[PDB]
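Here it is: the structure, laid out below.
The complex appears here minus one protein chain, its other protein chains still in place.
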Amino acid sequence: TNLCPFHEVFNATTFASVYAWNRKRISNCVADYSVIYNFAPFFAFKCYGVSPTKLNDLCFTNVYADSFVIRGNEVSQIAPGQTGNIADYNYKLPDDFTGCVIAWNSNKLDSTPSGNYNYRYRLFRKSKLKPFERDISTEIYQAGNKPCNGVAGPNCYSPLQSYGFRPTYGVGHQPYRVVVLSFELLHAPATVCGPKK
Amino acid sequence: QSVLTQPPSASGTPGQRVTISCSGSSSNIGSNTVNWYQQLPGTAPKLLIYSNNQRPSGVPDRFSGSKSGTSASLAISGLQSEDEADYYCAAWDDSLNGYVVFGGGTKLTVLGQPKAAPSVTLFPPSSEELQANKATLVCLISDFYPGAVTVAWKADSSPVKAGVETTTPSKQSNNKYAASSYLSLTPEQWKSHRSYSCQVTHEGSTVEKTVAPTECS
Partner (left out) sequence: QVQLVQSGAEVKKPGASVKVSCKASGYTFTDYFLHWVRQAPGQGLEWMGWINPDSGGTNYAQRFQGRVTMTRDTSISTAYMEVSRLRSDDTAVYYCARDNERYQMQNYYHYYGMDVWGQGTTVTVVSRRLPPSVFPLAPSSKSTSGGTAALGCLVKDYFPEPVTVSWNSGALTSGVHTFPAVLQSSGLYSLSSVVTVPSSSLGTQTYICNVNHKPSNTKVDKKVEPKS
């Protein structure tokens, strides 16, 4: 009977950085995905492992909403079988991904004339991320054989970098708020159904 | 199944910086994050490090974590006496269905305590115990540092061999060590020797208390 708090995830005042993406489990509610369309035209509304015409006529054990902020030229990485700094080092989707990716422009909220600093992304990693893995480790990246001793320098780079979102950037470099809706099926009674049951 | 290798022991004086290594493989440390735990005696483990180098809320900044290849390391700068505990590393191992692997653990000893001579108390067999055809001598050693003593019993200067049971040294509440030794005797042996001594040798010096079998005493 209760509606799923999808609006709370999309209407957050400040979104999380991609290296430290947020996650909320949606459970025991009616999932009417029309509530999210109060958020303007979407730059991307792509679903995988599921029929988009069935999004309001399906029951699942749980639904997961992962939210973060990337550049425009990086939204294509939030998809199964993709490469790049976001997919390799920040947020990785599995090949058998069952869900939808929803991205909209946030230049008017996530950019300042001086340059947004809190929105950061990981630039270096010794290995690619596993699907749905999260890396918040803040160690200096040792590119060579010489240890780094905890300070950046030659062949020793800080792993996290800021976007520096300014309003006068091109749309490819402007901030975009992404929400990844994950549909979970386990051998357990379903707690999230659509309005059409 | 897998084993994370830690040094069995590690030491350091107050104020120094101690490191504890954690050697794994490619399917555990080389593939996943490393977390660290501190365990005081008689206490559940406490999370000190997670996600390689992150500290939980309330964990002092003098604890530092690092990961490199298939190895990890915990660094305790500004060592304090309260940091004397067992320290464990752990990581997920992707092999088979996956499992958490704990390291063998490393016992940290904060050195620097002054020498303490062993305080020895010796108890003769009880009157109520002697009535049960059993005799036991109780020698109790306390308030000594470092924790390494050897116990030698004597029966009228004759070194008694069998019948002795001694514990291993164990920490007290005042960071000093304690131990105890027990001598088992038949009431006939108790009424066959004129005196019994408990000799406790600690760092060269020896402390000795002596009881004397006397009837009605």
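In order of appearance the chains are A and B, and numbering begins at 1 in each one.
In the analysis below, a residue touches a chain if its C-beta (ideal position, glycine included) is under 8 Å from a C-beta of that chain, and two chains touch if they have at least 3 such contacts.
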Residue touching the undisplayed chain, where the options are B:30, B:104, B:146 or B:147: B:104
From A:5, A:80, A:84 or A:94, residue that would touch the chain that is not displayed: A:94
Residue touching the undisplayed chain, where the options are B:21, B:68 or B:180: B:180
Hidden-chain contact residue, picked from the options A:56, A:62, A:138 or A:161: A:62
Contact residue for the chain not shown (choose from B:45, B:146, B:147 or B:187): B:45
Absent chain, residues of subunit A that touch it: 23-25, 27, 61-62, 64, 94, 130-134, 182, 184, 186-188
Interface with the unshown chain - residue positions in subunit B: 1, 32-33, 35, 37, 44-47, 50-51, 56, 88, 90-92, 96-105, 121, 123, 126-129, 132, 136, 138, 140, 142, 165-167, 170, 172, 178-182, 217
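Everything that follows uses one rule, which is that only the chains that are shown with their structure count from here on.
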Between subunit B and subunit A, distance of the C-alpha-averaged centres to the nearest whole Å: 50
Residue ranges of subunit B in contact with subunit A within the complex: 31, 33, 51-54, 66-68
Subunit B contact footprint on subunit A (complex, rising order): 127, 135-139, 142, 147
